[PDB]
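Following this message is one structure expressed as structure tokens.
For this view, one protein chain was removed and the others were kept in their places.
Chain IDs A, B and C follow the sequence of writing; residue 1 opens each chain.
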């Protein structure tokens, strides 16, 4: 009658041990999260820098196309 | 006689399992984003590179224009 | 029966969608496009670390209303 409680208390113990096992095994993969976030942030910031640089070169391109066109007519 | 100390120790043990299961639920949520973050990184990388290209091509045309403008200012 | 799913982004944004379990992933990606304007050929969907296939169905992946789905897409 009491030994069912003693062999349940053991069942509960290896459920606690097995949870602490896996919890240590996946704090390893959980410490790549911040690494993955930083890599994504760098590629995002880099992309935005390339986009702003492209828009600036667009402004200049179209500004030069004018000067060229006028001074071609002029001469 | 000490069946209600085993029963109450069974209870105390489940109160720990519940806390760990709860911590392992929150761990699981983080870990399933890892493949998502990998994919995010890969796409942003391809976004960056694709934008460096479009902007390099636009940087060439802008020099060609600036070279065509200065050659015809020899007149 | 017609159920509500929730597609979350890494920034913490959530897109609610009304879907039928028989719906394909392309189908779900079409809904996401009609709502936030992201071309389907540019969305990637995740469930339980798995990358979801245009061709398979929510039924196939066993997606319920309480399901944690993730969306990644291009900055372009």
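What we mean here is this: a contact is a pair of C-beta atoms (placed from the backbone, for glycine too) under 8 Å apart; a residue touches a chain by one contact, two chains touch by 3 or more.
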Residue among A:23, A:42, A:58 or A:68 touching the omitted chain | A:42
Out of A:31, A:66 or A:74, only one touches the absent chain, namely A:31
Name, in rising order, the residues on chain B that touch the hidden chain in the full complex.
-> 38, 41, 45, 48-49, 52
Footprint left on chain A by the chain that the document does not show = 28, 30-36, 38-39, 42-43, 46, 49
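Methods note: only the chains that are shown with their structure count from here on.
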Check: interface with higher C-beta contact count, B-C vs A-B, is A-B
Measuring from the mean C-alpha position of chain A to the mean C-alpha position of chain C, what distance in angstrom results?
-> 19
In whole angstrom, what separates the CA-based centres of chain B and chain C?
-> 18
Compute the distance, rounded to whole Å, between the mean C-alpha positions of chain A and chain B.
-> 2
Two or more partner chains touched - positions in chain C = 10, 75
So chain B residues touching two or more other chains come to 31, 33-34, 37, 40, 44, 47, 51
